[PDB]
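Put together the whole structure using the sequences plus the hints.
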Amino acid sequence: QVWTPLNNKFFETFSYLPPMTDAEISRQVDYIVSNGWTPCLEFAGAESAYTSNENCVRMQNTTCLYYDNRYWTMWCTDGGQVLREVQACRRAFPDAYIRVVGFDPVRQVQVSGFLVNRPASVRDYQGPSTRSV
Amino acid sequence: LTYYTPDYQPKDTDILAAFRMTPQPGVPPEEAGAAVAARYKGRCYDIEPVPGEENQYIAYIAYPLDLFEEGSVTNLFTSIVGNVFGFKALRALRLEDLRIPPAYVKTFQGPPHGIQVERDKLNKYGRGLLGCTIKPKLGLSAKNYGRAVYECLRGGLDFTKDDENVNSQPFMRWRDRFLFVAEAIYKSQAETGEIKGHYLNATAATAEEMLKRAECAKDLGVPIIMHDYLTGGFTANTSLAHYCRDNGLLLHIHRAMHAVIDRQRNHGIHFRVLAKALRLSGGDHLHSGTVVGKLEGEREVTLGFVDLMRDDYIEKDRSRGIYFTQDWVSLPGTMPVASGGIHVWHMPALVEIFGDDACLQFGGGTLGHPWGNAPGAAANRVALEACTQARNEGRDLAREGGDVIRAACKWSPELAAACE
Amino acid sequence: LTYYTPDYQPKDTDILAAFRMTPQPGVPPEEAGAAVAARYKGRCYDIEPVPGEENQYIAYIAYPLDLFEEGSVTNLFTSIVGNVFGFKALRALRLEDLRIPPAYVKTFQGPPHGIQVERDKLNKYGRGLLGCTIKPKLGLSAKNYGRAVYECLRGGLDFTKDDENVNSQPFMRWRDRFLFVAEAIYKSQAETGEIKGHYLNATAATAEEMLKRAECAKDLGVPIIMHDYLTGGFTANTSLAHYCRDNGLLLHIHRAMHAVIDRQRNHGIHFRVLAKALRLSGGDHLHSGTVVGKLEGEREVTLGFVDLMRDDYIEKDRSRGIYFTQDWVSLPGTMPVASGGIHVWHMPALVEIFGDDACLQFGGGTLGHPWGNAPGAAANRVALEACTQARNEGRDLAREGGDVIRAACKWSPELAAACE
Amino acid sequence: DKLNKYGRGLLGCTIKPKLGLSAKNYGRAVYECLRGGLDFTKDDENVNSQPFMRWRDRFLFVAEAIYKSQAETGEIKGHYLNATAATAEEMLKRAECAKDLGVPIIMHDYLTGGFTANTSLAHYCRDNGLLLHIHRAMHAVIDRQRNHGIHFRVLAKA
Amino acid sequence: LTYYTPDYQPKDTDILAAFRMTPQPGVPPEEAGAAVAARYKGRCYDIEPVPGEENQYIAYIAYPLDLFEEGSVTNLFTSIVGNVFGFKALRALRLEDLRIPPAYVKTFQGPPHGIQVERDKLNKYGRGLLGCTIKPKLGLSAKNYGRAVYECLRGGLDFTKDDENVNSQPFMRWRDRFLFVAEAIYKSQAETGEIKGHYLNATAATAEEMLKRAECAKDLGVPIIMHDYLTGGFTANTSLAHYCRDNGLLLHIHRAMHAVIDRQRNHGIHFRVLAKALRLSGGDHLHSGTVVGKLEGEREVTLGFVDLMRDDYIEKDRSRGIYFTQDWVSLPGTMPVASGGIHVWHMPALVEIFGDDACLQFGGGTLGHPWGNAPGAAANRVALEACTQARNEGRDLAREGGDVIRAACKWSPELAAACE
Amino acid sequence: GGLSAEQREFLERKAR
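Chains as they are written, first to last, in PDB author numbering: chain P, 2 to 76, 83 to 140; chain A, 22 to 59, 79 to 460; chain L, 22 to 59, 79 to 460; chain I, 160 to 317; chain C, 22 to 59, 79 to 460; chain Z, 164 to 179.
Hint data in this document are derived by calculation from the structure and do not stem from the laboratory.
C-beta atoms are modelled at their ideal positions from N, C-alpha and C, and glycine is treated no differently.
Computed beta-carbon distance windows for the label pairs:
#1 P/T84 / L/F211: 56 to 62 Å
#2 C/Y353 / L/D286: 32 to 38 Å
#3 L/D106 / C/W385: 38 to 44 Å
#4 C/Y353 / L/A59: 22 to 28 Å
#5 I/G179 / L/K128: 45 to 51 Å
Next up, the structure:
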């Protein structure tokens, strides 16, 4: 079989697994909470979801390690609350990818980041069986 | 003995070494420790015999901080192990550990970015990184090398790397390879939407040539380069690490020629000291182990030097080979890179042993997947993500790795052709 | 075995290695040689057993010339001994010799000046050179270091040198030492009328700092600098050697950390390979032996690597450890430097063993002469000149060294206080 | 004229927490505050270059945040990047990085860095078209007591 | 004769020359060879008479490798043919061939990219390249020159080139031409989707000006430049080739003033020696022949120097003028460029003679197509592709070239107006 | 672990 290079976009962690269900998202959020970390939600439409070099035109010397759309837009006690917020974000922005992020409150660093929602309207991604043709 | 002072209390600024030495018969251990030790004099303050070994002792030496040049791994190695392995009074001598006082650590820049800055720059969290060594090792043209890089990266791999002996040869000059690899990296980035990279080998004959190759990598905008620090030298490595910090480049470190110094148990320098010297000199990644069949070497020793090269504060643990408490005073950590034959069903073991802050390298070049390079990379990525997800759910990977692999294979056609 | 080809005839451009390997029991020697060997493939073409050793064999490997980067000792060592000492199938492995084909040799600059250009620049002919290591090793201020240098040089010594661990410390910064040593060198030159020099240590943390120290030495007009190539690295050494050729500076090379790689007979890289790598990378002098009591190590082995690092054409001689004929195609030779406890009555032996093309180093700092540093230097110079004159007359030094020393002492008051 | 903002005061925020935040999280906070409608954000006065957040990582992440907020809102945005450093060479290098990123404005502590360093930075900013925000750290040590010291108005004129 | 040694066996590192000499009557051939030959002495080791010529002999001279400066074609030509064509004892003298030992070859960088790297960079495989010389030769403004370049490239030509005498004149300054040609190249690339190029003439009065023109070409991002090596000089050429390797630029070489040295059979230097000197100095393309009517010159001689400038290993073949076996030890090959009146029906002959690794140049400026420059370029491209396809099918081009051309013309309206 | 007489003898000296 051949890995398809057409409409096969991916979003880093857990993006190569089948779309996670509510129970799986809940278990991941519980894992984040268990470690002592804070979960939050990021979202972006299809125009600002993938990495790009749009602003590299303004730079000189080098553009090493600079990529656009690394930041998404921010949307935290347990899995159920984060799931409710996931549904709320889905209703508010149906054409936007949702990403669950984790933040270590002591080190003040991001420790987690996995996609939990892919807009049905957008078709820039494949499915577990359509990834190979 | 003016140089054996068992009542001496080491200062907070002393550099401490733990030597495993086997003196010649008739030489008392106190005399041998005094010799190794011999205001600016090194002194043996502690000698312990090794229970279960033949005439083997651990000698603890304290060196004053004024003895060394600030921020110079070269000087540190010249002072500590310059001419001490040639003493006739010692049948065998092995440096086991070093204690770098914070006062000395603060004089070093350290790794250019570290693990957390690397994760933030690459926007990858919660999982180990994946890499492949482009194979065949040599003979491939820059165009074909770039084609292989693009094929492996588009599958889902986060990194690819040049072979350790690929610097600049008649078959493939370095600038052609850099250009074709840059095109491949950018194509794979556009196709998958994830940030990709390739460990471009900057190891060269002269520091000027090495800096020129780093400069070309910086001008292409590519993320990361590679260096052979034990063959290029600490002086060349430190220059490259300073350059990478200045210009925002990641630095992968390969430990070529390491077994010539850290293989024999009785003679040489233990890899943990070389790992601490690398972290001081600078490196974002450091090839730290081989997985032939399984992770080779005592697990505790591996865990010890992985913690020594990763954490900020490592307490003394003789079980794992930590002879001294090591405070890193906020020096950036180095990401360990486990390479070799990482088979798909062996991923759960390595994910359990290393965790998320490591790079698993398929130095075998994969190619074992009947479909191609890209599906093989996808299978590996699927397996790693499935193992990580299972571990996050509370599963015991060492007991359910096969079950997790099978369950992932049930829905992954690419992994199905890999699991067979 | 695709990699064991006993009928293969090595090409005139192949790089040849002679490995002394002890395979694990049950592993045939042909299989182990095939593994070490494994168009661009290294191949084992010859295996000979070591008569008088336990399961020890010499494996001859042929590498194609296209495998290596032109003028890069770093790449050569990465390719040959990068990851081969870590093979589990080998109980022990030792690289004994290398054959550098002329085609490869011509891609290297080599030593900046060589022996003959050194003699012409220093205007010293027909005798060995003399040097001292300023002692105490550390703690001395730049002013006092310069005073010691001037006192030792005015006596008749041709060179002095910084201690191997003296680079730049709180007690003595490097630029102060360079300035005071320059004043001392010029004072001793004016006083004696002979050209003097001091091995200024340029070994530093970064290549930039090392080049800055070399630049300061060039701006002072002093003749020679020093480098630690096994700790600084081949990349740093090659940069320094290119700089020294460009700016007309001599380069003394110290082999710090050598015993960590060339001491054990079963594992490591023999010093002769490190000496050939140094000659390729560049160095006018290379500390080549210690004289504790007497010249240590098998004489034939020492003579072998001295000839390998000095002569232009060395024929294969297994008695002296030459496993391959080495053609240097007019590459400048490196002057061997024998250091350690060179006592006055031991000068005839070393003059006989080394001849005129060597530097005898009093690394003990002398100080054994009751009168002072300067008369001790004079005594040494008188002894060396008397031994050379006796050898030129047809005397057998190994049999009449004591007679020659006594006869010189009969007229030398300085040597009289030294001979006691 | 450069910022195309007329008829109103400008608005700025100091990214908080003061210290401990990673360059990524600092950039995230900058982007979140700027996208709301703020014209400027600024580094904390004591944020120059620390083990927790090196200066070049912060400059890069802040540049990405500034450009994202500009694209989202359509208004020109900026962040007072702290160029205050130990040596004039390091300070000019940080200003040079800001110039190479195309970001609008940098910051300096003139009473702690010194007038000599400030004048060099101001000449550089005029030469390269960069705005310069000045923070008066250590001012109360000289302009607080009514009987002794130098009144702030003299420091403002200087 | 101390310089005629018929029993001498040339070394593997000797530089060998084969001189065709006609001595004055009364001078024996052995004496004349001894004179040309006259540890560092050149020696005549072999003399053979030319069967079928009047008093003509081939003298073989062996020069030691130490005689020449590493990587210097200038020195090689100064040593070999500096002052030997002015000997009164020789009626005529002609250097026929040179043997460059691998040891010497390794000291040269060679062509910046070579044939295979060129093909990979341009992404063109399996066919010869096509070029045109913009005509009229002179008088055209930079704007009109660019217009002609764009019109010829959009038709399907891979390259265009400046006239040999077009460097920088009042009618067309060089920077205006570079800018307009860059615009034309980019327009043609966007229109056709194939990578295009134009041989920009960097030949200038001073090396500084030549490097400035190369720098402008590099700043425009254009692929290739041109140089006149026999008029600019080997020193200027070697500088340009090093620059092109450093900055990733292709280098086309034009052999202006060649007939002044390689035309007469009795006196001068044969073009094959100039081609080997160019390959050593550096050049990706080398104008190698003219096709006035048909490929001019003995086919075997042309094939010989084409193989000498293309292949890695050329065995001695006196039938094709190869007097010595030439090992290139992986030096990049040079692409031969056949220029002149390449008419459409003459394409099969040149495709058969040269193969795919050559550039056919329409130095006549085409313009013979009644429709325009672009359709004429298309006709040429169609003819070349049809001939290549026929050759790949097993057709005999020398016998079916007309049939293939007619068959291609049956479906190509552009070729129909060209075939008439 | 087992310490040889020498190692044990050294221990006694270190104790003294």
